[PDB]
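Below you'll find only one chain, the form deposited without ligand ADE, shown as structure tokens.
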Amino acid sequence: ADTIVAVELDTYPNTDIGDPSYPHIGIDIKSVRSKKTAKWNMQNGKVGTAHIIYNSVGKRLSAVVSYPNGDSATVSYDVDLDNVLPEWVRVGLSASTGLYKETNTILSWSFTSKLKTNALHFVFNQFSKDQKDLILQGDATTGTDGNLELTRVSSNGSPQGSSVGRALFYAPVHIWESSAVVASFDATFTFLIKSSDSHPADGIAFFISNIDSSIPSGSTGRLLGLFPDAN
């Protein structure tokens, strides 16, 4: 099984696998049942922002999700990523729909990792049809609206259930190094989740996995394309 560290933007409470009884942002350490979560009012059809921040000094993995009006959810978790993640990882995005669904749209994604100095930095404020520095997975596609649609969409712009999609930066990232004095990464991505369903599902995750990581089978819905299961 993949090793996973995720921030999750979780639109659909699955309270029978850990979720709080609300949409939430959550920090995920090797598990779908978030180490730490926070109430998050996912704003339908509004374009939202995720910042994820971590460094090996403070050893707090942080995440905000805000929307243009200011409503803002913060989750922090105190964890030493050096002990969870392998030295080398791929960094990526993941979204999933279940029995409920939504567009899981990414309008930009940037990522910096730094070892103090080696550094990788990418920003995608657009995406292309053939996004050669992204590895797309499952239902995920780019172009030509310069967006990345993590889960399936349907001719007329309609979110498809049971979809799971994932983009990963193509370069593995050197995410810690034992001699590094500071190992930090941060990620930002803007997303537009629009649903018309009774309830949106299941959300979007930023993630850091072992390099070769791929969707686990049937990890659509509540497993957000990160976990084989909800253990």
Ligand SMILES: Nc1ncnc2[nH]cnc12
Contents of the next structure:
Number of protein chains: 4
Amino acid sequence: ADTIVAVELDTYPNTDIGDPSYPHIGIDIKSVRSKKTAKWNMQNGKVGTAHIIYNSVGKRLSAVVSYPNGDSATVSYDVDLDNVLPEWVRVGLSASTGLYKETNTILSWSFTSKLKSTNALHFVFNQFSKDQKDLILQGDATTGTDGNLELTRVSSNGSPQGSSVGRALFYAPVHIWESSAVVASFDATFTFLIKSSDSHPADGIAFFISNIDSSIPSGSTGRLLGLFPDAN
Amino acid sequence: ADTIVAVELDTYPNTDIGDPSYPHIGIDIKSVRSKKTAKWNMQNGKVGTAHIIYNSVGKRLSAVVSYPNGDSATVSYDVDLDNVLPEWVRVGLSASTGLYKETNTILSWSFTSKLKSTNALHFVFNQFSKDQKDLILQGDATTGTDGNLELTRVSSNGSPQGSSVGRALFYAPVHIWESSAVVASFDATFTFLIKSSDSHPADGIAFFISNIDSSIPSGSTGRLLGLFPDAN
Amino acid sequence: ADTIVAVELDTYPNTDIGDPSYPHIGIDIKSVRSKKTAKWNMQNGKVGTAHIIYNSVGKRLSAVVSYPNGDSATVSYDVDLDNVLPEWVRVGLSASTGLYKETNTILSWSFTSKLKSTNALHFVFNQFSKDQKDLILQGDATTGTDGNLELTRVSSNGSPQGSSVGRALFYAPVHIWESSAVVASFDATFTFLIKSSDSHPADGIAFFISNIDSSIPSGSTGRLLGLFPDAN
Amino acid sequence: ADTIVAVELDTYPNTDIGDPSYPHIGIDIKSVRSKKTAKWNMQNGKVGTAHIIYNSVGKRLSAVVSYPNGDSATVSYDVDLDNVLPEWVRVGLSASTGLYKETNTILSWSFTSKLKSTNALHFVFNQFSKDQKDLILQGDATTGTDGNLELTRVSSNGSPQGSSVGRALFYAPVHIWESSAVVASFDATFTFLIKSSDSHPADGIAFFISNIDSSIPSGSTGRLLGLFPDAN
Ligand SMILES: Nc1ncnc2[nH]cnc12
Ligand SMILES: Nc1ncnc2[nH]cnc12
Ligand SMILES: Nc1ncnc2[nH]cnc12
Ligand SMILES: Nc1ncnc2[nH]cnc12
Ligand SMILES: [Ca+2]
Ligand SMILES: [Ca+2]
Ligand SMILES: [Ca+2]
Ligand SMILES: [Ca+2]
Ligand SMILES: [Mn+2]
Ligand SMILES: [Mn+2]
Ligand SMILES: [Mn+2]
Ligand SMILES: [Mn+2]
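Form deposited without ligand ADE done; form deposited with ligand ADE bound now:
Let us now look at the entire complex, which starts with that chain.
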């Protein structure tokens, strides 16, 4: 079982498994049931931006998701990730569809991690490439040539597939914490466009950090968001 | 009365005015009595590093101060600075001595602020100059040519003066928050060397943010750290 | 007489004063007649991006201007700016109109300077503010609230004024070179939209570096681009 | 045959194979015989810093190497790397010893590449780790726990081995050029300590860029610097 820490943009309420009963953003620490959630008005067909911010000092993992009309959800959760993550992780984006579906389109992704006492990794993808050799693609995720990362299967005619799951992880392992670093901080930002014409968009996109070998857990579509093998 | 938000490295306990009764780092929101403090073992003659981290999402202003042997104090305080600071501020470093004294030597200072929806300001001074035209010097603060910023008066023979106060503020106003920014974050880092041979080092160094016109408040040496006119 | 180094996006040929006889980008070292120019197809009403790159090692000041259809002009000029600029400068953007006119609209501006042996200044304005306290506005230049910097006068009805000149300089002096720095580098980027319906767009926008007190030289509209008092 | 572009800090004159007949820094484009060299006074046992700067606009690859007493060599070479490198490369550091030997100790390494029209990769290693999962180590190169990268074999007693070669490449492929990028720039910086007590230090350290699969070419010690299979 991979270790996962994730911010999820959860477009579909599986109130079954402790989602709230609206779309939400949530902070997931080793479980798809978020330790914390905030109501989130997904704007179908609109390009949102999620920011994810943590530092080892404040020990508060925060996320905001907003859209251009300014509507914003925020969630923060106090957690010492040193006690959750392995020292080295990969960072990634993950998305799933289920019985309902949506595009899970990432227009851009950036990430920074810093260990200060400085080691640092920053990458930014404002355009994705067809053969993006720094991105590890999993499940239905593809990139290129519209400059996008399609986390889940879209069809030839621009149509969000159901029953879909994919992720992209930055190629280089990140050293997310180092026990002598006085500050270990990361931030990530991604811009996304979730569009659906279905009866309910589902299921969402997550930014995640995981052990360096993480892969899509089996049957992790719809509600499990490609991050966890199950709903515990 | 200037508006001040500050992280203070407070080397001397004025338990009189609610210091704890040890040296401490503290978070000051509009008052020299810190909303929050942490015990701090000042290492005389050793070069410490303070990091200060805030973002409008987590709304938690955090500071750590460490030294090379790894000893560290941290303090964090939950505060929405949008409700404390003016939209535009200057950022600065401040230090004072009183009846006791110390060097308040800044070897480096860096700062970053970002407003994302990005506007950003980053500066870094790993060496200060004699005529440092981007730094507004106040009170006893001088820079150049040892590459240092002497926040307070030192004497020709390397001797920390008593009864001393100075600050350096970055020349450009910073736009610390902007009501449409989805994330307003700042961080600052400075490295310092507080040395004294006196009976007690005093009084400390602060990183502060203030209205753009802030100046040293009158008689703000020793305990008031050059930040506030008084101890309320 | 201010010292000026500039990259000019020169929309109008004053073949009179050694412009080439097409619009051009040029590198200006202390003179409006560029030491170097490249043909430039200004795309009326289109948002272009200029990048300006120099480092004290290669001693080559380079500029490219491009537009989204990919059309690009480049100009580079080998120059040791240590021998041209004062150690401290301000950096700015400048634009003018003459008998012909255009919008000189800056949508974004970023700048970085670094002195390594590191001191560094980076700012980025992806949105300008009405009361932009880190930007020194000169001549007709205004900012806010469309998020733009209007270097020259526009009229209430969106109309580019003739006979116009303005600039914006970053508030903080920059330390552009330091004789012990092993590398002194800067880069700047700005995005602009030059639009005109006139018979000929004129006259252009420049990014410039100048002594810290630089102001618009008298009658520096049209061809002189707000940078020089005359055409020598 | 790997494609290599490298800046070499060449401590030993193999005037045999067109080294100049002093230690030098050189720019290597697909050949160990530098297209360009500059005399370089290696300071035995002193910690030098090399900066490497290229951008697709100026098309000038520049390097300076300096030491703290200020002594500096520079070399620049005009080259359009788009025509030399594959679109995706790895970036690395390489070092060798021969009949003579030296420490090839890297204290820090940073790299940035940017494709603007922005994609970007920046990493910085100011401390290396024992199990540095973002660094691909080759030949004798080891890292950890003194915080250093030992490109070549050192012996238990701090002794630079002869006949040694190693490299470290950043784990993630870098996208060094992209035919729509208006500016493709990179820079790299590393700090190193070359120490020897031998009759002549040899042979040097290079920063290099190569195809993503590059490995040490066979018998690439001493003069070939771990970069090329031979001296053509
Ligand atoms: N509404 C729902 N809640 C929880 N789990 C589900 N799996 C499928 N539909 C679900
Ligand atoms: N110990 C102390 N506590 C508080 N204020 C003081 N002013 C001078 N000495 C002091
Ligand atoms: N065509 C032109 N060339 C040079 N200077 C000018 N001033 C006005 N028009 C001009
Ligand atoms: N001096 C030298 N010059 C060139 N190649 C060599 N190989 C070994 N020694 C050499
Ligand atoms: Ca769900
Ligand atoms: Ca005190
Ligand atoms: Ca002209
Ligand atoms: Ca050699
Ligand atoms: Mn959920
Ligand atoms: Mn205190
Ligand atoms: Mn011209
Ligand atoms: Mn050589």
